[PDB]
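Could you build the full structure based on these sequences and the hints that come with them?
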Amino acid sequence: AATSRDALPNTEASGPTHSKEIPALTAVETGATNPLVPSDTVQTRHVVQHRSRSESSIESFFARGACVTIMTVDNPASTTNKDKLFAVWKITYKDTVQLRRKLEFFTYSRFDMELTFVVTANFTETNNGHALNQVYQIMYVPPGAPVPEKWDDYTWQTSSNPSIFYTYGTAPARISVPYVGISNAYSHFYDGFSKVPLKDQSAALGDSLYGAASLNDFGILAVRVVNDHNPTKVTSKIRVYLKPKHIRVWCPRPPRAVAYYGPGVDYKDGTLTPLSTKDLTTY
Amino acid sequence: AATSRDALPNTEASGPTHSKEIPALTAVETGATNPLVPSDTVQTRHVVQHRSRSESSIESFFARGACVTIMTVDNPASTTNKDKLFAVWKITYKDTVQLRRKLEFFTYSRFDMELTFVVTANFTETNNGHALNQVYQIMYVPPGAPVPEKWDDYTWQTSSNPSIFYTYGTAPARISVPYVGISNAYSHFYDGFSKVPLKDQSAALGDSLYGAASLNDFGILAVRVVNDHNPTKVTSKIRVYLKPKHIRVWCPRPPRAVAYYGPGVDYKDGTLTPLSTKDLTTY
Amino acid sequence: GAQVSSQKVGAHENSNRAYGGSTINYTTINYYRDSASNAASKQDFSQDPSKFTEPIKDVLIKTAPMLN
Amino acid sequence: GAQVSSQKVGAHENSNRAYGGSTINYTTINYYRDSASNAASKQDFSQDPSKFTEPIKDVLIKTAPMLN
Amino acid sequence: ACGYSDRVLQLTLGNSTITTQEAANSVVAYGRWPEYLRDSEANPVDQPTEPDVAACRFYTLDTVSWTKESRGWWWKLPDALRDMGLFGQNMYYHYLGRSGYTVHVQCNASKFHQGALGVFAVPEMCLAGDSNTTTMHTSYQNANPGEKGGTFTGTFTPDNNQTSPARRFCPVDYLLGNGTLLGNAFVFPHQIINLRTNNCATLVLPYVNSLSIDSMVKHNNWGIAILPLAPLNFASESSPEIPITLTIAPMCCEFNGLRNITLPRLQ
Amino acid sequence: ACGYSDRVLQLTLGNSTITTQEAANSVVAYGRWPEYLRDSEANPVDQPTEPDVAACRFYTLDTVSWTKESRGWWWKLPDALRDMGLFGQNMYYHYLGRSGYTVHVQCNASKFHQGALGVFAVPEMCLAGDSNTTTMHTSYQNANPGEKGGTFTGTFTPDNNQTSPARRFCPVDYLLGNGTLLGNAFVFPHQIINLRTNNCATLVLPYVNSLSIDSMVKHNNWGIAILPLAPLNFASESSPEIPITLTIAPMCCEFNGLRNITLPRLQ
Amino acid sequence: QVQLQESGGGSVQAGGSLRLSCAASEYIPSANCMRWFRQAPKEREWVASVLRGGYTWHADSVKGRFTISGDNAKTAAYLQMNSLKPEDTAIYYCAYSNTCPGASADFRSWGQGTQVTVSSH
Amino acid sequence: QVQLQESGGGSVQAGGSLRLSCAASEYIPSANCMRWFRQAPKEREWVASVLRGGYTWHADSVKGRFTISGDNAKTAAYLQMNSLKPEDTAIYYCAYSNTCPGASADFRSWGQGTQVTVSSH
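Protein chains in written order, with our numbering: chain X, 2 to 284; chain P, 2 to 284; chain S, 6 to 73; chain D, 6 to 73; chain Z, 2 to 268; chain G, 2 to 268; chain C, 3 to 123; chain R, 3 to 123.
I should point out that these hints are in silico values taken from the structure, not numbers from a laboratory. Quick reminder that beta carbons are idealized off the backbone N, C-alpha and C, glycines included. Among these hints, one or two may not hold up.
[Stated by the list, open to error] Every beta carbon over 10 Å from chain C, so not counted as near; a handful from chain Z, in silico:
| hint | residue |
| --- | --- |
| 1 | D53 |
| 2 | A55 |
| 3 | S71 |
| 4 | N257 |
| 5 | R266 |
[Unchecked claim] Derived DEER-like restraints, expressed as beta-carbon distance ranges:
| hint | chain 1 | residue 1 | chain 2 | residue 2 | range |
| --- | --- | --- | --- | --- | --- |
| 6 | R | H123 | C | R110 | 49 to 55 Å |
| 7 | D | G26 | P | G145 | 33 to 39 Å |
| 8 | G | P159 | P | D208 | 58 to 64 Å |
| 9 | Z | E23 | P | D208 | 53 to 59 Å |
| 10 | Z | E23 | P | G145 | 43 to 49 Å |
| 11 | S | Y36 | D | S40 | 39 to 45 Å |
| 12 | X | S61 | D | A7 | 21 to 27 Å |
This is the structure in structure tokens:
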């Protein structure tokens, strides 16, 4: 019945003491934290407490959207030889550090995901040419479907893949996705392998990457400029923002203390010193 | 029960008088203002009063938004050497005079704050180049968070800082902020210091600025052009407008009479003469 | 959860079967969870200026002599 | 099918005939069939930290000796 | 009254019993006692195998030695018990398996010795590798040492042989071997064996995973990390040594999808 | 049941707390707990100042050292606390003052040391002087050493300098420093810190005087005397040393007759 | 700084085969899309692009003959050149990217390359 | 009008140190962002920018060696030049701004500057 926005417990007035009750003494060996309040060790007055933990609920903690990737495009001289103008990015949060660290305080989670796309564009070589407002196609290709080969092949027809056609200069695009994990919760960490190497098999055949599984294979986002080729080159960037909504999390963990290095828990040499210098007897 | 829009008290008809009652005589030494009405000193008729003070309630007095700062950007030739294209402004109302003076009639206040951002842009050197509609990122960096170093560093990912992505040419951006003071009310004036200089310490160590405290440290707003570099330079300005809503104020004070000079109450020489010339016996 | 309040009508249209007369009301619906997002109601109270005008300990009776 | 909920009012306007006092509510109407589309209600619950703070088998009584 | 104490405990599972005269109570991780899979949460459809007393009993792993230079030790579950009696067998014969555990770490000394060991049970204890050229590259063999477990280290030493990489973990102690500060490990279910106080740690761990049941041969649910918070010291001796012994008992273990036996490549 | 003991105690006054794991219960002198002055017993008419938590808290005096040759130590109350925070201030600003006390003497060793200290609280602890030419001649300065206190001696040495007499106490131990046999001191509220048993003494003392309230600057109500009943011994060492620390907390202190501050000649 | 090293080049006759390899000095925690390029006169040409695994793109000249793989762990890529033609003679290069399945000669650094000479008859 | 005055310049050998100072004639109730600039041939270069306190930015040449402080009360700034190089030889300047953490050679006035000559060996 205790809601996130409820006021915390009041401080009760307490006077002097002289007894066998020993709140101050404890034993951390048990693995328990001593549940003391001021009144257990000092004399206190009565205080009607008004503060609440409303801003620290799990929901409110991850209430901010965060960048994940910067997808880009490019036009050459003419065709010359090139016609592979389209960006394909493997959907994974583990590309940045900011959102990634926040999602590591916990071992598992479940959440509906809101994605917002901010698209910006610009010119390259100084020219008197003018491009007409562009339309972009952001296509979610779930694991399995055929990935676009040419900028203008069949795959772009999208008869089953969800796609967002964004017109430049309008409010950034946004969509919601339900909890889509193949498990009861997403696993921020996976202590294991995808393949068991068998003795009667070759090492190569039984090999896999430590900590990797399809638990987190969500597919890819393929983005292209719908408009045909223009004489003047325009470069475009799509920033993706993820906001985990309706979230639940399990098993707390210590937050990452040294710089991230790859999609795993690995660390790089020379980044292992998070603490600075400070004397034991200096305030 | 008396509401701001209620009609003021009617004037009651009063006739001649000849008595010991002495409304006219008073003594200002007491520090009280003599509460007289016309009928106390002259003969009056009956007047049904219709006027109200609806427009002078505290809420209505600060109902107008007001400018606070002019943040600007700039693109050079190429990179040449520079890549520090971003504006960072320390959030404080004490930068202008108009809003500042209005907020000085009182010693303390509490209010939800509405901020509106008007963004304008333009060209510099006459050219045949054309820029594509820009997107701006207005990021609130609360006191503590890492302040952007390069225009394209990690800080811009914004995993926890609130940020507004404004597309050029749309309705000016707007957000609301609750009363965020660390005190029970914001202190427009603070007669004191942040540090007590101790005798067993060096003067330098115990030193601080008179009238300054974290009571008013709200952090900064960092603004940048999201779009990548363009061959043609575009300069942009973001005007910030603040409107104090749901406001309450305490302790009236005399309004500032000479020109403001710094974030303190200090005055500059040569600005100390607010009154003009007028003879004692000239209407 | 609509809030219907009355308006203080200044200029009245030549109407009493729609406008002008039969009390003109206005509707307000709050769309956000945070109170800070709300618009100002403007339905404010006034108070007696005494705390500033007559801050004396012994009550002031205008007809009598201030100093007695 | 509107959902009307109360707001926790922080800064109060000088009003008790519209704002500030008489409980300020806000309205919410869901427009989509999929629950994933809904906004966050933020009306969340808290719990006793015991599962992490006192994961011991035999209950902890603060006034008594931890080891007995 | 009768003299019952938090210090004196007796644990009985299957045909095994452990006694202790210097305990510091015991921990039931996250306040959840091990349990069998409920119908409402079930997944695989075939009738599961529940070995009960055949597997739910205390197995003692090989004893290690604590000295002044010990940096720490680690084990994986169910990995460590992979070769333990019927538990091991039931594990290899089935595609799926779930199990809780009662981990009891033992280490006695004297009223004259000193030191403190932090015994931590970490869900999904992924450890960092040893290469600065490849990520997530530790091999299955190295990731699963079985009953012998592995050890933490005080210095990160990158593997430079790109011809034939060692492909092993290089877990740095203060980093809990996974890039997080040790001082925070206390967020995980744990106990501390402080010599002056107690001589054992008892952690009852429920089955914890993102699924109801999973492959035991591929994935380790829990990880046991033992690091010396305070170093070993005895009298005025330069080289004291005291043994540390682990005894682990699976609890409420059930298995699905029986087939022929999995014969893993362990070396 | 819950394991509450006479040996383990926690004392909390004001913003201070003292814990102990080896106590021997505690003494409430003459069975009277400190109290404020009752109206029926009142004397000065002006409203008294009651500092409460500002003064009623534990103050730790300077630590002394116990060796094989220590004869004993002594302190006077409120004298010893004359310079302690707000208690000291309130004392000097008023002509009258009354206060009770919780005296906690601390001294730990090991299961291998031995010795016993008698901690005595003596009402009106008048000590003998050092002259055989003048009686009652110890000066104010010497009579009031403050927090450092004084020491007992094993031999009476008369002051022979009649030109400039030392004017100090010469308290002989077995004579409790006042011409009475030590063996009888046990008639005064006391505790014994016997190393094998306990490591502290706790004496709660009520305000005791022939008047309801009196001048604190002129007269000391209580005197704390600590003498080694059994001498210090450790292993087979010739010069063992263990510290003794006092922590005293005024209780229910009230003051009357405020004026300007008394600035005594203390040297 | 960041270093990529090409290897495996040589001189072979037409119809032959080769296998080019490009490894990074140390691991790069950003570069996941690798590419191959070539050149002969004064103009660069894109060969093939390969992201993590296993999306692989080719060009209208080298497709079917060339194949790119690369480890999904070690930041390195490989180019298997089959049915080689005298037209393939050029200096081959390697360059890391970000999330760029597409290809354009726009890379910051440039390693060194590896010469491939294809004999006729 | 408004006046800024540079000081502290001189001639030192490589590896040496200096400390430049720039104070305003009278206080300025607007200018809170101060900057340092230099030049040798015919082109100006931005050194460092410092707002009130204590956000300080540097350039890709002078960072780690140079450090800017400045009083949060008096409208003045300071430049500590360490590990000086013969390349640093130039005339240093000072210019107030508004709320401009960024830097660009676009200032209205220009004081006078202070010469810094760095000797080699």
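The hints, checked one at a time:
Residue placement check: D53 (chain Z) keeps its beta carbon more than 10 Å from all beta carbons of chain C (closest about 42 Å). Chain C leaves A55 (chain Z) outside its interface by the beta-carbon criterion, the shortest separation being 40 Å against a cut-off of 10 Å. With 10 Å as the threshold on Cβ separation, the claim that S71 (chain Z) sits away from chain C holds: the shortest Cβ distance comes to roughly 31 Å. No beta-carbon of chain C is positioned within 10 Å of the beta-carbon of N257 (chain Z); the least distance is around 31 Å.
The beta carbon of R266 (chain Z) is kept farther than 10 Å from every beta carbon of chain C, the shortest such distance being approximately 19 Å. Roughly 35 Å separates the CB atoms of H123 (chain R) and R110 (chain C), a value that falls outside the hinted 49 to 55 Å. For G26 (chain D) and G145 (chain P), the Cβ-Cβ distance of about 35 Å falls inside the hinted range of 33 to 39 Å, so the restraint holds. For the pair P159 (chain G) and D208 (chain P), the supplied restraint of 58 to 64 Å holds, since their beta-carbon distance comes to about 60 Å.
Judged by the Cβ atoms, the range 53 to 59 Å given for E23 (chain Z) and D208 (chain P) holds: they are separated by roughly 57 Å. Between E23 (chain Z) and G145 (chain P), the C-beta spacing of about 46 Å keeps the proposed range 43 to 49 Å intact. The hinted window of 39 to 45 Å between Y36 (chain S) and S40 (chain D) is violated, with their beta carbons roughly 20 Å apart. Distance hint check: the CB atoms of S61 (chain X) and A7 (chain D) are about 24 Å apart, consistent with the given range 21 to 27 Å.
Checked against the numbered hints given earlier, this structure breaks hints 6, 11; the rest are met.
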